[PDB]
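Sequences are here, hints too, so could you generate the full structure?
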Amino acid sequence: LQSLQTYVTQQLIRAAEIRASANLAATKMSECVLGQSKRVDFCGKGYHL
Amino acid sequence: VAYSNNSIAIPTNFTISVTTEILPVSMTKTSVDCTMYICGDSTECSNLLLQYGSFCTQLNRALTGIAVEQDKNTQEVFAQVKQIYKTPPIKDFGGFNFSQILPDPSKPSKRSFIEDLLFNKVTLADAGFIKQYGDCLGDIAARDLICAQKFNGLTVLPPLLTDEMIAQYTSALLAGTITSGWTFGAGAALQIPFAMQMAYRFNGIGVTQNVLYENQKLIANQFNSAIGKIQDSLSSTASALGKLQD
Amino acid sequence: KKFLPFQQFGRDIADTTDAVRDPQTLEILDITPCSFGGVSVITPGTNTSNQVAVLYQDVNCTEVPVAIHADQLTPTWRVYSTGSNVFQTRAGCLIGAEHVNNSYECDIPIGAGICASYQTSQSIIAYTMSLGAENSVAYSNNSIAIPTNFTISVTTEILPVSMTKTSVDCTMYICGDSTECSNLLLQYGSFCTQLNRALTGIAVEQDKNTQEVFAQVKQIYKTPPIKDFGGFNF
Amino acid sequence: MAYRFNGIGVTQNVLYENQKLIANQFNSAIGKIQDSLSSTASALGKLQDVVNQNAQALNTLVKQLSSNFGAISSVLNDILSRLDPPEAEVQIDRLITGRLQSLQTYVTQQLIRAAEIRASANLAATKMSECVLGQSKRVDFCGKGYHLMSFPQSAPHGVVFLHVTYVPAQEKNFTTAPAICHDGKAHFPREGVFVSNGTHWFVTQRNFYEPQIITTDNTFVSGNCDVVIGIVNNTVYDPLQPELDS
Amino acid sequence: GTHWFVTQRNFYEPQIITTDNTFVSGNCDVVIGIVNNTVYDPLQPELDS
Ligand SMILES: *[C@@H]1O[C@H](CO)[C@@H](O)[C@H](O)[C@H]1NC(C)=O
Ligand SMILES: *[C@@H]1O[C@H](CO)[C@@H](O)[C@H](O)[C@H]1NC(C)=O
Ligand SMILES: *[C@@H]1O[C@H](CO)[C@@H](O)[C@H](O)[C@H]1NC(C)=O
Ligand SMILES: *[C@@H]1O[C@H](CO)[C@@H](O)[C@H](O)[C@H]1NC(C)=O
Ligand SMILES: *[C@@H]1O[C@H](CO)[C@@H](O)[C@H](O)[C@H]1NC(C)=O
Ligand SMILES: *[C@@H]1O[C@H](CO)[C@@H](O)[C@H](O)[C@H]1NC(C)=O
Numbered sequence: 001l002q003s004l005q006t007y008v009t010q011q012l013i014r015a016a017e018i019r020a021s022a023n024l025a026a027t028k029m030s031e032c033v034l035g036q037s038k039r040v041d042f043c044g045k046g047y048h049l
Numbered sequence: 001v002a003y004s005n006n007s008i009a010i011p012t013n014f015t016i017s018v019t020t021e022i023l024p025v026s027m028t029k030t031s032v033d034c035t036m037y038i039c040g041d042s043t044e045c046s047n048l049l050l051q052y053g054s055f056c057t058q059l060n061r062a063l064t065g066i067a068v069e070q071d072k073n074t075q076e077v078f079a080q081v082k083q084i085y086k087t088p089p090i091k092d093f094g095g096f097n098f099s100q101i102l103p104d105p106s107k108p109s110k111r112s113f114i115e116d117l118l119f120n121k122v123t124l125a126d127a128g129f130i131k132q133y134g135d136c137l138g139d140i141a142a143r144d145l146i147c148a149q150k151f152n153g154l155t156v157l158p159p160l161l162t163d164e165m166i167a168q169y170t171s172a173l174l175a176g177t178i179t180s181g182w183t184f185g186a187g188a189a190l191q192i193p194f195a196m197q198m199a200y201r202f203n204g205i206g207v208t209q210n211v212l213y214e215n216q217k218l219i220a221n222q223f224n225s226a227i228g229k230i231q232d233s234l235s236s237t238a239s240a241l242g243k244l245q246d
Numbered sequence: 001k002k003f004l005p006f007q008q009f010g011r012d013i014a015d016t017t018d019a020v021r022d023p024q025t026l027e028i029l030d031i032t033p034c035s036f037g038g039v040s041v042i043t044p045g046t047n048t049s050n051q052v053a054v055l056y057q058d059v060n061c062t063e064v065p066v067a068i069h070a071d072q073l074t075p076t077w078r079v080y081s082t083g084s085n086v087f088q089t090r091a092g093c094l095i096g097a098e099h100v101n102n103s104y105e106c107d108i109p110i111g112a113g114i115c116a117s118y119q120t121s122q123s124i125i126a127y128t129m130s131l132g133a134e135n136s137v138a139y140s141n142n143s144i145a146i147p148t149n150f151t152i153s154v155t156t157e158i159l160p161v162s163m164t165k166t167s168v169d170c171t172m173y174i175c176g177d178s179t180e181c182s183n184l185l186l187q188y189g190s191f192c193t194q195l196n197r198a199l200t201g202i203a204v205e206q207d208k209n210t211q212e213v214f215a216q217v218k219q220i221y222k223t224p225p226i227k228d229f230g231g232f233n234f
Numbered sequence: 001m002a003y004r005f006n007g008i009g010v011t012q013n014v015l016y017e018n019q020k021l022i023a024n025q026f027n028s029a030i031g032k033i034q035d036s037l038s039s040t041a042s043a044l045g046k047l048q049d050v051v052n053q054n055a056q057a058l059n060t061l062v063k064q065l066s067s068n069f070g071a072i073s074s075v076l077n078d079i080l081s082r083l084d085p086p087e088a089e090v091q092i093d094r095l096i097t098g099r100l101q102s103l104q105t106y107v108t109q110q111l112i113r114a115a116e117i118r119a120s121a122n123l124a125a126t127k128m129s130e131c132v133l134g135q136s137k138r139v140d141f142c143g144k145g146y147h148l149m150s151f152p153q154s155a156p157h158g159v160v161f162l163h164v165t166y167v168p169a170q171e172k173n174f175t176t177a178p179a180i181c182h183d184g185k186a187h188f189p190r191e192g193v194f195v196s197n198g199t200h201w202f203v204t205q206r207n208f209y210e211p212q213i214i215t216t217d218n219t220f221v222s223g224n225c226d227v228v229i230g231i232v233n234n235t236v237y238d239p240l241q242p243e244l245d246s
Numbered sequence: 001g002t003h004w005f006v007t008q009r010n011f012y013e014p015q016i017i018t019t020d021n022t023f024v025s026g027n028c029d030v031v032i033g034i035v036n037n038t039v040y041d042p043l044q045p046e047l048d049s
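First to last, the protein sequences are chains A, B, C, D and E.
Just so we're aligned, residue 1 is where the first sequence starts under my numbering, counting upward by one.
Just so we're aligned, residue 1 is where the second sequence starts under my numbering, counting upward by one.
Just so we're aligned, residue 1 is where the third sequence starts under my numbering, counting upward by one.
Just so we're aligned, residue 1 is where the fourth sequence starts under my numbering, counting upward by one.
Just so we're aligned, residue 1 is where the fifth sequence starts under my numbering, counting upward by one.
Hints in this document: simulated from the structure, not taken from any laboratory.
Keep in mind that a hint or two might mislead.
To be verified - Here are the in silico distance ranges between beta carbons for each label pair:
1) E:9 / C:228: 40 to 46 Å
2) D:36 / B:162: 30 to 36 Å
3) C:117 / B:206: 34 to 40 Å
C-beta: ideal position from N, C-alpha, C; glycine also.
Below, the structure is given as structure tokens:
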């Protein structure tokens, strides 16, 4: 039970990190793919097209 | 920097550059049978575990919530547009060549060449439980292979979205970006020549469109060279996909 | 497996026996457990209906009565282990679901593109999901499309801000009003201090979350008495 | 509203010529939102997870006291009234370890849930500081479509945003050219798109149809007209030429 | 070093300084580092009657 609890807690932390990464990826999709972003160094490096 | 109160530097040319960014989306959806993992159908062990309470139900609920959250992340990162746009049969986008990124109709899988390289790069060669669980699906020639609970109840759930529909969504996004620009994201798709889209995206960064209309051939050649360089770098032995491998 | 001579049994990484040798004929065997507990059920709401369909996870439809030993169970378990509406997919075996060739929006997700919904003679149907409406763009190198009208639309977005501020007394929850038990609790250290401090930090963070969201401005602006907004009605 | 229309590339004369239509469309959209919210829709489920998960975790915390964790009884007073401290302490510490481990598990899950709320609250504060306090050029951040304004509303354990967006409709096909060659010189549009109905050439803005006569005020000249791919020969009207009679 | 020109900030596109691409605001003495130069007027190269 201690081993399973450790595994579940580590999986929860990793899932939170994956959630943050997926939210960042969805934001990058919605900005750079569906339009042009004026934010510097958000979509690649330099002036984004 | 040669700084002064009356000196400025103005570029005389430019270089179109294509870079690669890799971001993780989802993880492996794993479900654990707590009672099976604790013991192998021992009724005395089950009776002793029932004295502890609702630990196994809580862990199963947490794992189910994790899997549902992974599916929600994939759906919210890929199903941005509900209109599945198709690529035009004739491709004359001002000399720009998108053959490396467009889907290939010559294969049952709708993945592109670059997508095929990405799929071939990431592998489960030296993995442990995941590769052993996936090998049971390649061992279907032998009957009576109950590999679902063979590893003490540790199961791997298949994703809600498979690779084919994800590739279809990416192809639809590429078609909407090429044919409609940024208009299809806000609302209904508006067809537009690719030169107009390049001109207005040049205008969005403070560059007049006559630069594009005078150097379109050079811009297309530089873009094709950058696409070829990206393809050659991805096809090389460099481990550029280490983020998903982690 | 080439069993060199007196090496008799085997085990995996988790020390469970996977190979064994018969002590009489000296033949070699392989071992695969057979319990199964991973069942899934797709059902609508009880306030709506009472029909129920069950998914058998990662097992073939031809091996259901052997893995679960259905013939030794109730006939209601038998009729849900063998029936007319039996379907096999990548996710596993579905019994009771009505497979159709149509495609709709996903209602109850199963896996590998399989979704179920309640359809009218009401029954639970199973179908492959539809990504969306099929669309094509009439692309050309000299043709453009310009909109002639527009529609103002209002969309609703909901985001959580705060969370219920809970506070737990560690000494009370472990054992109430017992001095002997409280004496034994001090032998475990400052575990109660850590839990009280962690929950206090959560409650402060919840108040910070409400403060940092709703107090972007520091002046309370009163609404004007007249509503002359050019036809806009707020 | 005229300035916010100017923020998405629409000229302010379009809003003033259709102010009554915009106000009627906005009031109908508010009533449609009000009628949809007043119905039996379950769109408030995002706030419902916070309430239900807290209620489930609190009930699981209470129900964990019923477990004996291998002791004689789950009641502390039963052990204290039946046993003596020379032999009661071997039964108490099993209940101590079981209940403390449940308290460790609950607080750990609360900390993970608090971090999830922290990410959502930071996103809500970012949306409030951008959509409400100004106009955002970012795509699909303040709702789907071209964002104009937003209205925040209070909610139990959350906030509700009412994004007012701009969605074009009633598309029409047109024939376009990148530039116009008039006297051997290429004329490019200053802001809009060169369009034609097949008989006459007009210039209109990108996000709305409003044809205008091609003049020197709305066009600029850059280089010869031999290097532009797809150029169309057409005349350019001079607003100064009829006034030269003196 | 010989003649003055006006160009955009991201590309070298020298042009003749006219009244269309410029505007007038204030006198010469307030601006620090002003340079005396002529400005072409496209209204009257020869446009007289
Ligand atoms: C399930 O049964 C089908 C047909 O009998 C067979 O082709 C397939 O390999 C079986 N799957 C497994 C995992 O045994
Ligand atoms: C045990 O006896 C059986 C029956 O005669 C025989 O077939 C088998 O070979 C014997 N095994 C050994 C190890 O002698
Ligand atoms: C429950 O069912 C009743 C009718 O039996 C219906 O009026 C009601 O709206 C239903 N509730 C929900 C939440 O669907
Ligand atoms: C569904 O498609 C299969 C072939 O994929 C066909 O055999 C079957 O008759 C179809 N059923 C219906 C109801 O169209
Ligand atoms: C557009 O493509 C067609 C081929 O379908 C070609 O004949 C025509 O010249 C092209 N026009 C321009 C302006 O590139
Ligand atoms: C610019 O710097 C030079 C070098 O120090 C100096 O001589 C000149 O006066 C400066 N210009 C102004 C306007 O101060």
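(message) For each hint given before, does the structure comply? Return the numbers of the non-compliant ones in rising order.
(response) 3
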